[PDB]
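Here's a slice of the assembly, chains where they normally sit.
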Amino acid sequence: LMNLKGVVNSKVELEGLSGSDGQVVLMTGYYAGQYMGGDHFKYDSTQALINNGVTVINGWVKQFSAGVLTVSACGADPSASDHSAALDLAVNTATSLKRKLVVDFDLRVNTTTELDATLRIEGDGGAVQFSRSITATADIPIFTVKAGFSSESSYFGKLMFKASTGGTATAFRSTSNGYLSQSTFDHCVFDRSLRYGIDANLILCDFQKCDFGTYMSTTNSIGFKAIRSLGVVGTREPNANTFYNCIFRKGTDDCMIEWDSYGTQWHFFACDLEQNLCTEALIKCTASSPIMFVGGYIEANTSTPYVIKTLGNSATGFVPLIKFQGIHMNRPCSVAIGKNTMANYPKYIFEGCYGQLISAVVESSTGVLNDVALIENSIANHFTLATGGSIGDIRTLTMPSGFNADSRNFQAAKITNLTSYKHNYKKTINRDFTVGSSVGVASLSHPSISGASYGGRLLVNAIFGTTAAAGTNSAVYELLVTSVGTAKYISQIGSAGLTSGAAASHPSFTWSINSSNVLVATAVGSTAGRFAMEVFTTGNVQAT
Amino acid sequence: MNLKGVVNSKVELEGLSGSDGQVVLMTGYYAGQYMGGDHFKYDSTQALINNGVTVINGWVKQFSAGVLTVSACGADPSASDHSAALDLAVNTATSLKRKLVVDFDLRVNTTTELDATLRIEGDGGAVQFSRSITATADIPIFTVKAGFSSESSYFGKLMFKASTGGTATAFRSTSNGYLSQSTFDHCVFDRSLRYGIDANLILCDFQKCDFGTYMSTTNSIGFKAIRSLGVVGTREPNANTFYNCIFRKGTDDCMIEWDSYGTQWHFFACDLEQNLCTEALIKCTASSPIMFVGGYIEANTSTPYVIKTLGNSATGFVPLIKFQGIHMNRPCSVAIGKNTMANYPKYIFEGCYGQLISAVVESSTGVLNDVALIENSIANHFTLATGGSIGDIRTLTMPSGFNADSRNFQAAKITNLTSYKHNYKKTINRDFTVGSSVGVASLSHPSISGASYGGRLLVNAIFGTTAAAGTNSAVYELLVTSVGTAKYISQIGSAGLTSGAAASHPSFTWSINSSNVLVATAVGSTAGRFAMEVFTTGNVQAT
């Protein structure tokens, strides 16, 4: 038969207590007056001199009656002002033992804790702002990501990160651009008292309903940025970071989210980016690969110029597409939603977005607002224009006259009602003539078969000057053209306007085709000066 | 020291006397039970304190398991009710800022107000054998407080049932109170409930939840998954996302419902099948787009519509309802999308696959398959059963249909284009007498306002209004251009009845007046009602 040896109230009373093999004792709390970290202990004479402070304490082996490793069982004193060394022993023990770590009371740390690989740490606190919290009492990262991949694989479940002094510290920081790789942030809250929510090189990390800056334990006057992932081009780039139902509120730095090194695949599913006060943009990134917003909100950012601003050199890499798929955007920014610093890229898709604008939709690298050349598609969008808002030629539900996209190429199309006046159209300007001189207008060729015999119709509108206006001398010519080898065939079907050259400014010309298949215009009568032609082709001929 | 002893109930602990530091083991909160048990240390400073959970006449709960359980708050498994125990549990867990765990199935006849920051979880089985909470009265299991007082919560793996089918609900709002910033992780909603959730949801995500698959007791009145009623302007149901959720066997007027122009309700890979709703699957007075990104909408043969939008478009509206890659095997009986407002919402069907016993959309005026409501229709496959119809909407098996109503591009290269009404204008009711002149269209430069225009016009004039078999017809080819007040028109050619041999012949000579109007003058005996159709080319447009 075996009886209970006794009960102890602290770890100091356990190490000084002597026993024999098989004896079991009850410890009520790691420290006196506490109930946390307590556990049953069985004595082992083989390890009587072993005392690591957690599992074995001078022969007393932890029995894990609760089946869970807690930070209190590693020396975390709730009455103490600091728990840094206790947390370090907790991460080292939980990872070396290959078991999850549980934070059972709010910790306060003044020294960083390096993130050991495969760390799974969870909190048993309340919901959202009353979750199990870890506060940084100094201007130091709560966790330090190791260099290279030494911190790869981790799990952070329902933990809150605060700072004792507003505008200091961060939850994570990387040494030598170390990778915070293959991690999960489940319902983690990042208090606005932090200077940076996450200042580590993130890769392959998913965020499940995290919160950045909604709640604020102490006032932050320096600034708050949600994420800053800085890496190295080619070897350590911030990649594959997805956000589900996350919230980004009350930012005060130059941007809320930032990453460089042409990091790839940052996407936001049903996220909420509102009530920020960023000075430049909500997302400032030197990135490649597309960036997509699948549902969510981008609103209430009246003082932020841009929603997203891409940087870098397009020769090295670029974002091809930024898609806003069904985003509620009630005043998302103040200047333009998408700001480009490279030419042409990125393109934008606004699919079913809804809200009111005090800004432009996009801005090119040269400052052109609402550049349709940057609009890959714009369908089913509803935008009301407030003071400062503009859409330009971009199509909306209330502005059907705009364009859905810049260009589309199809191999076939059936359009019932088509409106296109510059169809097979070519413009040639600065056609300077003297009396009776000849000037080439365009080159004729078969549009499908190279070097083949062409044949079609030409509508030429010649005017005096460069661009037509009210009272501009005009003339129209209808020409049938075709070729058989060196033989050129042109027939003027008709004409109208000032076609006789009664004055120098009259666009009067006779048409021919030379040996180079060039449509040549010869001045008629007194015609002389600078003219401009516009050719509209039909059939098996093109004017280039 | 030594262990003081073992007790079998809470009443045995409070009647037990002790001194400071003494530790006792309680085996269960009530006699004959092994739940709610914990170690207790005596504290003479709190000898008169007895809240029933943490301190019991000086005995402080030691949390040997490290978790707060509803059984440790007075929940008696042998008792028929646990209402007062649950209220004390949520109040204790929230005030202590720690998670609450439901360790056995609860039965409640009085509501429990949702305290803020409540994290409550269950340790039961999977799906239908999860930790369950049954309402033994027609009352909400949880009551959301008014305003934002219930904001922040977490519900993990909890099933909600009703002792009587067709009664009670898991959640209800006081004065349209906000159920804000919550998460429903693998929560099951039994069909015995009258409503799965009858609260004003906002900023809530649903992770693999189930609505109405399982049924504990027969419900003859009806089951609705979600009904969120709010207040316009101040409390609107917004930002509610559903991932991999299941909605089966609904029997009310709809399965999902929200009003007040609530925004951003999206469904990722959800399953809406086997329902028996009388009106629609989703009946909502909503604004902002609504999206279905993957999933199923099928087996709803008795449900008229899949989604039906309501409200006034002047206040707000849904701009787009996108069905992105949805498997739709008989999703409804009349039309997938039913509109109450004109024009809005537009619809996108991207890669959908299934069989139709209904139309695709129905406008506010009842027009089935109104292509004006189709923002895009690409890569869809729909098999037509009895009652199914697609109209002019394009499918993989019906390429003759249209992908969309309209698209505007600044540039385009189309290899093979089919467009006969290109730069086309029709003018009817052109009544002529012998030699009279009637304007047909206004000419202008199509890109530069007021500039000199110049191009060609193809005019097809007919007798009457609309062409038919044997209709007198005539075609004219005209070159036009202008220089200030000077108008230049040249008839390149003509064909047909162009001489006016009879009154019904569409014979006209063409001119341009000072108002830049293309004027037709009757030729010969031409008199009566005629109609023209103009096709322009070049720097001229007929308006």
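Labels for the chains are A and B, by order of writing; each one numbers its residues from 1.
Going forward, contacts are C-beta pairs under 8 Å (C-beta built on N, C-alpha and C of every residue); 3 or more make two chains touch, one makes a residue touch a chain.
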If you can see 2 copies, how many does the complete assembly in this structure contain? 3
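We take it that only the chains that are shown with their structure count from here on.
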Approximately how many whole Å separate the CA-defined centres of chain A and chain B? 26
In the complex formed with chain A, which residues of chain B make contact? 1-3, 21, 23, 39, 41, 60-67, 93-94, 97-99, 116-119, 152-154, 181-183, 203, 205, 239, 241, 243, 263-264, 266, 268, 287-291, 293, 317-320, 322, 343-346, 348, 375-376, 400, 402, 406-419, 421-424, 445-448, 450-456, 479-484, 488-490, 492, 536-541
Contact residues on chain A for chain B in the complex? 4, 6-9, 26, 28-29, 35-36, 38, 65-66, 68, 70, 102, 104, 124-131, 158, 187, 209, 244-245, 247, 269-270, 272, 294-297, 325-326, 328, 351-354, 372-373, 379-382, 393, 395, 397, 400-423, 459, 461, 463, 467-476, 478, 493-498, 534, 536, 538
